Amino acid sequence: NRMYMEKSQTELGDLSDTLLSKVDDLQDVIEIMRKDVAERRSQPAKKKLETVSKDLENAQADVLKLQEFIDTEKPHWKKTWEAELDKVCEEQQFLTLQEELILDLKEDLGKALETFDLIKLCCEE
(Lines of atoms letter the chains of each structure in order from A and count residues from 1; the text may use other names and numbers.)
(Lines give C-alpha, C1' and ligand atoms only; values in the text may rest on other atoms or scores of the structure.)
Protein backbone atom coordinates (compact mmCIF):
# COMPACT_ATOMS: atom_id res chain seq x y z
CA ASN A 1 0.00 0.00 0.00
CA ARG A 2 1.14 3.53 0.85
CA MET A 3 3.43 2.32 3.66
CA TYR A 4 5.59 0.42 1.20
CA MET A 5 5.81 3.67 -0.81
CA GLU A 6 7.34 6.02 1.79
CA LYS A 7 9.77 3.15 2.41
CA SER A 8 11.07 2.73 -1.13
CA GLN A 9 11.27 6.53 -1.32
CA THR A 10 13.59 6.98 1.62
CA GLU A 11 15.75 4.10 0.31
CA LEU A 12 16.23 5.62 -3.10
CA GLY A 13 17.57 8.69 -1.29
CA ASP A 14 19.85 6.30 0.56
CA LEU A 15 21.35 4.58 -2.47
CA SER A 16 21.60 7.99 -4.19
CA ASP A 17 23.57 9.41 -1.22
CA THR A 18 25.65 6.24 -0.93
CA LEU A 19 26.74 7.26 -4.43
CA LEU A 20 26.98 11.05 -4.24
CA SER A 21 29.57 10.04 -1.66
CA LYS A 22 31.58 7.38 -3.56
CA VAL A 23 31.61 9.79 -6.50
CA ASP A 24 32.60 12.95 -4.65
CA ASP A 25 35.38 10.71 -3.29
CA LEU A 26 36.76 9.61 -6.64
CA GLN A 27 36.46 13.25 -7.75
CA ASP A 28 39.20 14.00 -5.22
CA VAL A 29 41.48 10.94 -5.27
CA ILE A 30 41.68 11.69 -9.01
CA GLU A 31 42.08 15.45 -8.85
CA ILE A 32 44.87 14.51 -6.41
CA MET A 33 46.71 12.41 -9.01
CA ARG A 34 45.88 14.92 -11.73
CA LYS A 35 47.80 17.48 -9.68
CA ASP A 36 50.62 14.97 -8.95
CA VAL A 37 51.03 14.04 -12.60
CA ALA A 38 50.44 17.46 -14.18
CA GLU A 39 53.16 19.16 -12.13
CA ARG A 40 54.98 16.86 -9.66
CA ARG A 41 55.61 14.11 -12.28
CA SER A 42 55.22 11.51 -9.48
CA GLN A 43 53.42 8.64 -11.17
CA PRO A 44 51.08 6.66 -8.90
CA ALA A 45 51.92 3.04 -8.07
CA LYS A 46 50.54 0.39 -10.39
CA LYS A 47 48.44 -0.46 -7.34
CA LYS A 48 46.87 2.98 -6.99
CA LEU A 49 45.87 2.47 -10.63
CA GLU A 50 44.45 -1.08 -10.46
CA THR A 51 42.54 -0.13 -7.28
CA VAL A 52 41.06 3.18 -8.43
CA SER A 53 40.00 1.29 -11.53
CA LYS A 54 37.96 -1.23 -9.59
CA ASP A 55 36.79 1.85 -7.69
CA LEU A 56 35.36 3.35 -10.90
CA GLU A 57 33.93 0.03 -12.06
CA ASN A 58 32.05 -0.16 -8.77
CA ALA A 59 30.61 3.29 -9.06
CA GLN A 60 29.74 2.68 -12.72
CA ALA A 61 27.70 -0.37 -11.70
CA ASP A 62 26.35 1.38 -8.64
CA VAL A 63 24.71 3.74 -11.08
CA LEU A 64 23.35 0.96 -13.28
CA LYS A 65 21.54 -0.45 -10.24
CA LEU A 66 20.39 2.92 -8.92
CA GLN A 67 18.90 3.28 -12.40
CA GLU A 68 17.13 -0.07 -11.96
CA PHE A 69 15.48 0.88 -8.74
CA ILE A 70 14.08 4.00 -10.34
CA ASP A 71 12.98 2.30 -13.56
CA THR A 72 11.32 -0.41 -11.43
CA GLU A 73 9.57 1.54 -8.65
CA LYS A 74 8.63 4.55 -10.74
CA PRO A 75 5.77 2.49 -12.26
CA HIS A 76 4.19 1.43 -8.96
CA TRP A 77 4.65 4.90 -7.47
CA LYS A 78 3.29 6.64 -10.50
CA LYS A 79 0.28 4.32 -10.28
CA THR A 80 -0.16 4.59 -6.53
CA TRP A 81 -0.06 8.37 -6.83
CA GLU A 82 -2.65 8.07 -9.56
CA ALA A 83 -5.11 6.05 -7.52
CA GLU A 84 -4.83 8.61 -4.74
CA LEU A 85 -5.32 11.56 -7.11
CA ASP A 86 -8.45 9.75 -8.30
CA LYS A 87 -10.14 9.26 -4.92
CA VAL A 88 -9.72 12.93 -4.11
CA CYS A 89 -11.17 13.70 -7.51
CA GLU A 90 -14.30 11.60 -7.11
CA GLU A 91 -14.74 12.58 -3.49
CA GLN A 92 -14.82 16.20 -4.67
CA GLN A 93 -16.96 15.35 -7.66
CA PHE A 94 -19.42 14.08 -5.07
CA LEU A 95 -19.43 17.24 -3.00
CA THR A 96 -20.10 18.93 -6.29
CA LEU A 97 -23.13 16.90 -7.37
CA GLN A 98 -24.30 17.32 -3.80
CA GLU A 99 -23.97 21.09 -3.88
CA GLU A 100 -25.91 21.17 -7.13
CA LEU A 101 -28.62 18.81 -5.87
CA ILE A 102 -29.32 21.00 -2.85
CA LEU A 103 -30.02 23.73 -5.35
CA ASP A 104 -32.42 21.65 -7.38
CA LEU A 105 -34.21 20.97 -4.11
CA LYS A 106 -34.37 24.63 -3.13
CA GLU A 107 -35.68 25.14 -6.65
CA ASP A 108 -38.30 22.40 -6.67
CA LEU A 109 -39.51 23.04 -3.11
CA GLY A 110 -40.09 26.59 -4.24
CA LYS A 111 -42.13 25.91 -7.35
CA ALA A 112 -44.07 23.72 -4.95
CA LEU A 113 -44.83 26.47 -2.44
CA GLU A 114 -45.62 28.90 -5.26
CA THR A 115 -48.17 26.38 -6.60
CA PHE A 116 -49.52 25.39 -3.20
CA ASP A 117 -50.17 29.02 -2.54
CA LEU A 118 -52.02 29.60 -5.79
CA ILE A 119 -54.29 26.68 -5.04
CA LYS A 120 -55.02 28.23 -1.66
CA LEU A 121 -56.21 31.53 -3.22
CA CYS A 122 -58.42 29.42 -5.46
CA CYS A 123 -59.77 27.30 -2.64
CA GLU A 124 -61.55 30.11 -0.81
CA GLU A 125 -62.41 32.81 -3.37
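Only residues modelled in both forms are compared. Numbering follows the first chain given and starts at 1. Just so we're on the same page, rigid core means the largest C-alpha set that superposes within 1.5 Å between forms. Compared with the form deposited in another entry:
- Looking at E99, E39, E84, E31 after a core superposition between the two forms, you find that only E39 has a C-alpha shift of 2 Å or more.
- Taking the rigid core as fixed, one finds a CA shift for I70 smaller than 2 Å between the two forms.
- Listed alone, 39-51 marks the only place where three or more consecutive residues have CA shifts of 2 Å or more between the two forms on superposition of the core.
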The other form holds:
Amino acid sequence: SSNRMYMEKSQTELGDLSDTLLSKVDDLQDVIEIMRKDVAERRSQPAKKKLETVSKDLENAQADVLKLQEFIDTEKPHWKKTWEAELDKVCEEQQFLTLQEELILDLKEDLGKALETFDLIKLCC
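To test you: the structure above is the form deposited in one PDB entry. What is the structure of the form deposited in another entry?
Lone chain follows.
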Protein backbone atom coordinates (compact mmCIF):
# COMPACT_ATOMS: atom_id res chain seq x y z
CA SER A 1 0.00 0.00 0.00
CA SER A 2 1.38 3.39 -1.10
CA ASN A 3 1.43 6.47 1.13
CA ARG A 4 -1.19 8.13 -1.08
CA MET A 5 -3.53 5.11 -1.02
CA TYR A 6 -3.22 4.83 2.76
CA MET A 7 -4.18 8.50 3.09
CA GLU A 8 -7.26 8.19 0.91
CA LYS A 9 -8.51 4.98 2.50
CA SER A 10 -7.95 6.16 6.08
CA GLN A 11 -9.65 9.51 5.48
CA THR A 12 -12.61 7.69 3.91
CA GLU A 13 -12.77 5.49 7.01
CA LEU A 14 -12.79 8.59 9.23
CA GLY A 15 -15.68 10.07 7.24
CA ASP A 16 -17.70 6.85 7.53
CA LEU A 17 -17.15 6.64 11.30
CA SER A 18 -18.18 10.24 12.00
CA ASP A 19 -21.09 9.87 9.62
CA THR A 20 -22.43 6.80 11.36
CA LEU A 21 -22.11 8.56 14.71
CA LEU A 22 -23.73 11.75 13.45
CA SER A 23 -26.80 9.76 12.43
CA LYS A 24 -26.97 7.98 15.82
CA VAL A 25 -26.74 11.33 17.63
CA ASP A 26 -29.44 12.79 15.34
CA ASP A 27 -31.70 9.82 16.15
CA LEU A 28 -31.04 10.19 19.87
CA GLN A 29 -31.83 13.89 19.76
CA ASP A 30 -35.17 13.16 18.06
CA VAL A 31 -36.17 10.46 20.57
CA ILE A 32 -35.15 12.63 23.52
CA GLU A 33 -36.97 15.72 22.22
CA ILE A 34 -40.18 13.70 21.94
CA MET A 35 -39.64 12.78 25.60
CA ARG A 36 -38.84 16.33 26.70
CA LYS A 37 -41.86 17.78 24.92
CA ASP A 38 -44.18 15.23 26.53
CA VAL A 39 -42.79 15.74 30.06
CA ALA A 40 -42.50 19.54 29.85
CA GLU A 41 -45.95 20.29 28.42
CA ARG A 42 -48.12 17.32 29.48
CA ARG A 43 -46.16 15.96 32.42
CA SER A 44 -46.61 12.71 30.48
CA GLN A 45 -43.78 10.22 31.09
CA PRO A 46 -41.99 8.03 28.52
CA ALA A 47 -42.48 4.28 28.58
CA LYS A 48 -40.00 2.48 30.84
CA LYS A 49 -38.74 0.34 27.96
CA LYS A 50 -37.94 3.51 26.01
CA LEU A 51 -35.97 5.00 28.90
CA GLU A 52 -33.98 1.77 28.95
CA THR A 53 -33.21 1.70 25.25
CA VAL A 54 -32.25 5.37 25.20
CA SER A 55 -29.98 4.86 28.19
CA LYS A 56 -28.11 2.18 26.25
CA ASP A 57 -28.07 4.16 22.98
CA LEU A 58 -26.47 7.05 24.88
CA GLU A 59 -23.86 4.71 26.39
CA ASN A 60 -23.11 3.30 22.94
CA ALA A 61 -22.72 6.77 21.41
CA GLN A 62 -20.34 7.72 24.24
CA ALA A 63 -18.20 4.69 23.41
CA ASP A 64 -18.28 5.52 19.68
CA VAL A 65 -17.27 9.11 20.41
CA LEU A 66 -14.17 7.87 22.23
CA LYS A 67 -13.25 5.52 19.38
CA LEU A 68 -13.70 8.34 16.85
CA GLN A 69 -11.36 10.62 18.81
CA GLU A 70 -8.80 7.80 19.08
CA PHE A 71 -8.94 7.30 15.30
CA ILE A 72 -8.22 10.99 14.69
CA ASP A 73 -5.48 11.04 17.35
CA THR A 74 -3.71 7.96 15.98
CA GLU A 75 -3.98 8.79 12.25
CA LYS A 76 -3.36 12.55 12.27
CA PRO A 77 0.41 12.52 12.90
CA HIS A 78 1.01 10.18 9.96
CA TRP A 79 -1.29 12.25 7.70
CA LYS A 80 0.70 15.43 8.45
CA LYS A 81 4.01 13.68 7.65
CA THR A 82 2.54 12.40 4.37
CA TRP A 83 1.41 15.92 3.41
CA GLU A 84 4.75 17.45 4.45
CA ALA A 85 6.57 14.97 2.18
CA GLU A 86 4.40 15.78 -0.86
CA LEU A 87 4.41 19.55 -0.27
CA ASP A 88 8.19 19.68 0.26
CA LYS A 89 8.77 17.79 -2.97
CA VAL A 90 6.45 20.06 -4.98
CA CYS A 91 8.13 23.15 -3.51
CA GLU A 92 11.62 21.91 -4.49
CA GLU A 93 10.45 21.10 -8.04
CA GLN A 94 8.90 24.57 -8.48
CA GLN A 95 12.13 26.16 -7.20
CA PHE A 96 14.09 23.97 -9.62
CA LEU A 97 12.02 25.25 -12.57
CA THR A 98 12.53 28.85 -11.41
CA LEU A 99 16.30 28.33 -11.09
CA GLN A 100 16.48 26.69 -14.52
CA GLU A 101 14.59 29.61 -16.08
CA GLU A 102 17.05 32.10 -14.56
CA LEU A 103 19.95 29.91 -15.71
CA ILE A 104 18.90 29.91 -19.37
CA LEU A 105 18.61 33.70 -19.29
CA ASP A 106 22.20 33.88 -17.91
CA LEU A 107 23.42 31.42 -20.57
CA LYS A 108 21.84 33.43 -23.41
CA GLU A 109 23.42 36.60 -22.01
CA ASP A 110 26.87 35.03 -21.60
CA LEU A 111 26.72 33.37 -25.01
CA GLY A 112 25.61 36.66 -26.57
CA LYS A 113 28.59 38.52 -25.10
CA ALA A 114 30.99 35.75 -26.17
CA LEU A 115 29.68 36.05 -29.74
CA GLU A 116 30.16 39.82 -29.77
CA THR A 117 33.66 39.49 -28.35
CA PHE A 118 34.59 36.81 -30.89
CA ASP A 119 33.29 39.12 -33.65
CA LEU A 120 35.58 41.93 -32.37
CA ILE A 121 38.51 39.51 -32.36
CA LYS A 122 37.82 38.47 -35.95
CA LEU A 123 37.58 42.14 -36.95
CA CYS A 124 40.96 42.81 -35.31
CA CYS A 125 42.48 39.97 -37.35
